[PDB]
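Build out the structure end to end from the sequences listed, making use of the hints.
There are 2 protein chains.
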Amino acid sequence: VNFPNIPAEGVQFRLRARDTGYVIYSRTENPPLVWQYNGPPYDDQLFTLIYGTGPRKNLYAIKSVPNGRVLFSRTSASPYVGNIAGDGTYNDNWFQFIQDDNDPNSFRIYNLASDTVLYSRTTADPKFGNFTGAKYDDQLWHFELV
Amino acid sequence: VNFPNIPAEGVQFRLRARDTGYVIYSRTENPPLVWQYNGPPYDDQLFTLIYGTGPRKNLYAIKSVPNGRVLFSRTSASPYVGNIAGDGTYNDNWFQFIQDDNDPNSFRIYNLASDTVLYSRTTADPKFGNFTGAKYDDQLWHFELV
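If you read the sequences in order, they're chains A and B. The entry's author numbering applies: residue 1 is where the first sequence begins, and numbers increase by one. The entry's author numbering applies: residue 1 is where the second sequence begins, and numbers increase by one.
In short, the hints are calculated from the structure, not lab data. Careful, some of the hints might be misleading.
Within a straight-line C-alpha distance of at most 30 Å, the following computed DSS-like cross-link-like pairs (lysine-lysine) qualify [what the hints assert, rightly or not]: (1) B:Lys57 with B:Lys135; (2) A:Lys135 with B:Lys57; (3) A:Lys57 with B:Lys135; (4) B:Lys57 with A:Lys127; (5) B:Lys127 with A:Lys127; (6) A:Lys135 with A:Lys57; (7) A:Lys135 with B:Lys135; (8) B:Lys127 with A:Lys57.
Encoded structure:
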């Protein structure tokens, strides 16, 4: 079931992992351009959503406030999770926010094109990335309204 | 995770519920035109898949062999589950097959447009339909090869 509290189009937020408490950033300098961070608020941690319509109904593009690039999640080449300019030109720029089966307050950031979810962990490298498989708690996220 | 053994494009199959053992049919006369059946093979139980591409990658239209109509699953009006002419003109004509978390051999028939899955039960009316909510075993299906 879709997460029932998805921010309105244009509303700004951070994406913070439930368990690690790390946030996603999306920048233009110093690859990897998309990763996780444990520290103070910076603008490259700020996103809004582009609402999908038509074939993209119930999907969203995740767009950087400062640089305007949207996130992508793919399995075909490195980097697997990255950014690209536009408003969701490519199918792997589109995400579904799927409510957790157990914790109604969190969701997975799911990619239809690549059948992956994003994760954040403190354990094995790579500690941030995408994943196709069983549901684990390190795949759970919050919208943190700013 | 997408179901890993989805029939090749154009290959014919039935959809049988894991628990009830009932099959979906899709006909043109005598409503409800899409429902479940507990008996021997008839041609209206035969379907093929149109493979989605682009925005519909990992989605599929479910097309009836004898009558050519595709299935839809919606929450907006009755019938909630039905059929319609064409090859998937509308976003609610497209389905994802999502493998169960515990049983690798069954899946849910999921509609991205409507956030629903199809179900089959023997308990209360309506015994066949769609549903938005938690996961139950009566939502689990098999591809039956012919």
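Checked hints:
Proximity of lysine 57 of chain B to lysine 135 of chain B is assessed by CA-CA distance (about 24 Å); at most 30 Å being required, the pair is judged to hold. Between the alpha carbons of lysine 135 of chain A and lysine 57 of chain B the distance comes to roughly 22 Å, so the proposed pair stays at or under 30 Å and holds. Proposed proximity of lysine 57 of chain A and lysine 135 of chain B is supported: the alpha carbons are some 22 Å apart, at most 30 Å. The hinted pair formed by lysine 57 of chain B and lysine 127 of chain A meets the criterion: a straight-line CA distance of about 28 Å does not exceed 30 Å.
With a CA separation close to 45 Å, the supplied pair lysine 127 of chain B and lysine 127 of chain A exceeds the 30 Å bound. A hinted pair counts as satisfied when its Cα atoms are at most 30 Å apart, and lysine 135 of chain A with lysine 57 of chain A qualifies at roughly 24 Å. Our distance criterion of 30 Å between C-alpha atoms is met by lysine 135 of chain A and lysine 135 of chain B, whose separation comes to about 14 Å. The straight-line distance between the Cα atoms of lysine 127 of chain B and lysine 57 of chain A is roughly 28 Å, inside the 30 Å bound, and the hint therefore holds.
The structure is inconsistent with hint 5 alone, although it conforms to all the rest.
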